[PDB]
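These are the residues of each chain, in order.
There are 2 protein chains.
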Amino acid sequence: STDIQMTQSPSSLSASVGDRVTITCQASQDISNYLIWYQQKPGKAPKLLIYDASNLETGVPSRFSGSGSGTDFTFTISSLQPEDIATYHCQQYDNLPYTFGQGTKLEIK
Amino acid sequence: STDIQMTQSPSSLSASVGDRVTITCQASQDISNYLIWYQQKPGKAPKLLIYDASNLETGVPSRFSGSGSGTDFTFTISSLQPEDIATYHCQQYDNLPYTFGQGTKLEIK
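Line by line, the protein sequences give chains V and F.
Taken in order, the first sequence gives residues 1 to 109; the numbers are from my numbering.
Taken in order, the second sequence gives residues 1 to 109; the numbers are from my numbering.
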């Protein structure tokens, strides 16, 4: 089996506080619902926000959400807050090696 | 929270080309061999180097190795090369949510 490639878009974006942020990831092969979205700030552990493509982890604000199943996935922050400024990554865990998208770095306009 | 906590050390280190580099990761509970080591450069997909604690992926040079089981793990670069400058993370995949160490940023000296 060839490694699963995750194509994540955009690589960077700028938006204003309150804005709706939309990030997509496409898997090169069908990974069912086995996708995680992580938030990563500089020098900190990547923090799991969503697992099983659409399930929110404990204590993660509900403005973070995921959808999709198979190959085409979408992550949304429905209102961007200052504390959400970070790089976000998708990761598939259908099959080792677990592989990541290239990341989307957010900044405030 | 019953999340598994990974304690990775050091948080940064400087070393010279050719030097041995040693990074450790402790899990808060027994995760058997379910530990991955990733290499991450700015603005790139984190790249899986070692899985099942000690197994290398394709194209990973022989200077990289991992060892350990249960709760204590070690990642070693036997002879640092320039292309090895990056932040390295451990990740347990025994149980969701998958959790990461705090990262080790490796610089030149």
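Check before you lean on any hint, since a few could be wrong.
Because identical chains share one entry, a pair is satisfied inside a single copy or across any pair of copies.
[What the hints assert, rightly or not] 20 Å max Cα-Cα, derived PhoX-like pairs, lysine-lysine:
1. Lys109 - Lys47
2. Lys109 - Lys44
3. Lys41 - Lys105
4. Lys105 - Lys44
By construction, these hints were calculated from the structure, which means they are not laboratory data.
Evaluation of the provided hints:
{"no.": "1", "hint": "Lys109 - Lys47", "result": "neither (24 Å within a copy, 30 Å between copies)"}
{"no.": "2", "hint": "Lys109 - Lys44", "result": "neither (23 Å within a copy, 23 Å between copies)"}
{"no.": "3", "hint": "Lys41 - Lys105", "result": "both (10 Å within a copy, 14 Å between copies)"}
{"no.": "4", "hint": "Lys105 - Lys44", "result": "both (15 Å within a copy, 11 Å between copies)"}
When each numbered hint is compared with the structure, violations occur for hints 1, 2.
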